[PDB]
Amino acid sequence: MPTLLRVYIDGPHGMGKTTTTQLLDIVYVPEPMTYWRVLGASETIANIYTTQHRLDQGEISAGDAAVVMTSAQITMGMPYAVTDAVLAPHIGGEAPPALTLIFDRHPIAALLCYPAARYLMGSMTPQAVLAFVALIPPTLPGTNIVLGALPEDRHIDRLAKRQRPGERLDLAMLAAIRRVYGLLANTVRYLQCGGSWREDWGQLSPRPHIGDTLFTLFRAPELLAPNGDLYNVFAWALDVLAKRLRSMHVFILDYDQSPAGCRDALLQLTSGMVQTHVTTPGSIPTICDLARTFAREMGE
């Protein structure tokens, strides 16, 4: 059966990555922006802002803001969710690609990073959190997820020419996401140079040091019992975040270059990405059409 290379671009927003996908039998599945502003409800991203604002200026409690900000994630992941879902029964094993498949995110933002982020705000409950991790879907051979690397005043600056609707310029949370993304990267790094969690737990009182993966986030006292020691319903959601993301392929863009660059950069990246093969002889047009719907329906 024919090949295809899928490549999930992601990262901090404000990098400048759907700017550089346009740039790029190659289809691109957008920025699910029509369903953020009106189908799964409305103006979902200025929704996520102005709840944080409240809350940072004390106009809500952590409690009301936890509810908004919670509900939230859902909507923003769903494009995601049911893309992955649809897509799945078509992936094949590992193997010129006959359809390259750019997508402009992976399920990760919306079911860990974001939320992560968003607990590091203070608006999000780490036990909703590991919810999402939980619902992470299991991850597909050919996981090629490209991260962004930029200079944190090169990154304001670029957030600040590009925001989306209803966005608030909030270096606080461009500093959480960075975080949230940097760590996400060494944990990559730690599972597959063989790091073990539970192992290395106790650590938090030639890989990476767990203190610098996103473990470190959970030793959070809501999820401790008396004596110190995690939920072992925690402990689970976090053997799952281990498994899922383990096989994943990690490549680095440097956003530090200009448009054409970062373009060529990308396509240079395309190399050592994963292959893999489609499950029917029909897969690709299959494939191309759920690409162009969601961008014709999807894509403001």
Contents of the next structure:
Number of protein chains: 2
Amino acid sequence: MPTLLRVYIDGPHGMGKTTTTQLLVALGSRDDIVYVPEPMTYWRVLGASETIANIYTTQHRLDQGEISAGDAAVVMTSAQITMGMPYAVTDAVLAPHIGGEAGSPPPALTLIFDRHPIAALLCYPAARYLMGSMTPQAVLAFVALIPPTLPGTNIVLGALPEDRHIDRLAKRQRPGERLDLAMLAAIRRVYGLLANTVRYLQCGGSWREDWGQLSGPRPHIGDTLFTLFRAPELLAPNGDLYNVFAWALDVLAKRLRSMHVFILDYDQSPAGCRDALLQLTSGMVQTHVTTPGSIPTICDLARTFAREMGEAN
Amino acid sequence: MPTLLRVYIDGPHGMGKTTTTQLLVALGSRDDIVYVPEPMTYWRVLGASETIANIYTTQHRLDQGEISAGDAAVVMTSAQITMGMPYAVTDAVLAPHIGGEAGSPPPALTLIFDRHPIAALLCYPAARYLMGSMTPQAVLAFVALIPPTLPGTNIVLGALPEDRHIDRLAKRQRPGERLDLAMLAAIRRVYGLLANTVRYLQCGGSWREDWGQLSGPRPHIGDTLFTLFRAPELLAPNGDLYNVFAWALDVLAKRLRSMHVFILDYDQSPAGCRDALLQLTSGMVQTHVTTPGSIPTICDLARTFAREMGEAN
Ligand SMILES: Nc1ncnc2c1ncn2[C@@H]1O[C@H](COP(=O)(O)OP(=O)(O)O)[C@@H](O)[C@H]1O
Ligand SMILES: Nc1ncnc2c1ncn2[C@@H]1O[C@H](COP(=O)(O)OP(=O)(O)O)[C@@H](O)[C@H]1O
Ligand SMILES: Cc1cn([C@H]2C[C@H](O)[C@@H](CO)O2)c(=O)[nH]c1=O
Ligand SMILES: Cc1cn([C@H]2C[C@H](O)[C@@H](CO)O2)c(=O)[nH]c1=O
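After the form deposited without adenosine-5'-diphosphate (ADP), can we look at the form deposited with adenosine-5'-diphosphate (ADP) bound?
To see the whole picture, the full complex is given below, headed by that same chain.
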């Protein structure tokens, strides 16, 4: 039985995610390692035009008081649906080939993904929500749509001090981006809350029993994503969340619970970061594929994605 | 082992769906039959304000040339996310309790749902796409997000001549609706294409082998939803769909394939329609629940939904 290893490099933008994985795959590691790049072409052309631009422009006009939060929210929402679509469809076709977890044993194939579905379906929307360009109900709608967590979902979140992050953020500006530190802070905070949420849950956390603590390495509820959703728009007159919104948080918990997060330190040289990623790989969960044909089908799948939707990896 | 029966009454609006199910549950059928109503309160208040109004107004202004197709599309998209959210979250929490199909045997509990997730995630968006207020890429994004089809998903689509439909459409106008026959035709056509798509697939249909037939009771490809997606925005220079868009159609097929559709004729009296629905029930697939506690948890779930998000069933 062959094994597949799936790694999702994620975290806030402009940290060294692209720089470090492209070096990772640049070790001449046969054909057993494949890199699935950010689908910039989908975002800029295929799905709609200059979406990244659309987003950064829209937050700007909002900040300059040129549009209402309502108008911002509508645009931001449709924008995000577009951002994550490539994520969703890939995961959707990759589902029927992922079998149970085979412990931590030569992975016949290794997929290094650039971002996991939660990035566009949960992480960014939540930041926009913090930036005032997204409604909490809009966020929970994406949450309710997050696909079931597949076995062996290894997510590598990054770590890098604010100052060094800003510098690197400056050097690399995606086509249509605008330097927005407020967003840099929101995105950073959301990702921190996420990692904590996983831990909190994996240590027996139950958002329902701890909800009262809000209503006033062993992270408490207050240090998790759940705090964001204690907004007035979501609270019934009796002070409890409405059942729809509670169930969404339930689904949030079910999805996050079974994810394996690792924290790659980026505060170092491209070589080092590459080595560290590689070092982490040793301890990541592998899984068996459902059919003998899965590996080639999967190998080719990634290749097709990368070819058709990557700008330059 | 207890069994659950799940029925999804769907089809275009203003056909008698509410009128006929409320009579169905009105036979004094103990506590074994539960009706999950349209979540109007979520649409009108909880999720955002007067969404149904937002939609009908937005299509109107578009038609009057007061907004661009682009502006229409953005609004329409976020609107729809909001429309289906209650659908998505319910299905999401109902997932872990649905086990395999137990043939067609007294269903311990029977849930009569008002619309299935595909209504807001596929059916309506596709109509708006036809109305020019939604982009095909927007539609396929919702498609890629349709949750895995659960066992025993029984979907009852309705049948009623255009003339009789229009009349009934007039008598019942949801808060904020606008009589739009163009939409009535688009919605009707989409739902027809859907039923055909199921059949087509269940008779060994493969959209990939039949794609060429487009590129020019045994329904051919041309009579299915697949025809809608042969749009220029989705076609590569070489005449084939781009791989992202193809995979989405793949996911469309995987989702539709395992659904059980039935066609309830509405061209009759409320009593008759009720009897016919009841008659169909006999031949619908049941499934076992995953835990002994599932039934009560599920029974209560439906009750909570109905209570908190139904206007008057
Ligand atoms: N280890 C590193 N040390 C210093 N600068 C780096 C390092 N890795 C990447 N960079 C630079 O910082 C910017 C952001 O990195 P990049 O990998 O391109 O972003 P992202 O995290 O968004 O994928 C780029 O200009 C890149 O050259
Ligand atoms: N069997 C029927 N014959 C004639 N009119 C009907 C019948 N069932 C419902 N109606 C009427 O047609 C309108 C639409 O029906 P309704 O069930 O309310 O809509 P929907 O299909 O959208 O749920 C209502 O005014 C209703 O009174
Ligand atoms: C994944 C994702 C990225 N982005 C932005 C962050 C970066 O500028 C760029 C991804 O590199 O797009 C979003 O705005 N939303 C998203 O969902
Ligand atoms: C389910 C759904 C209904 N509708 C409209 C049709 C009806 O006017 C009303 C549902 O009864 O809302 C949409 O516009 N989009 C949807 O996704």
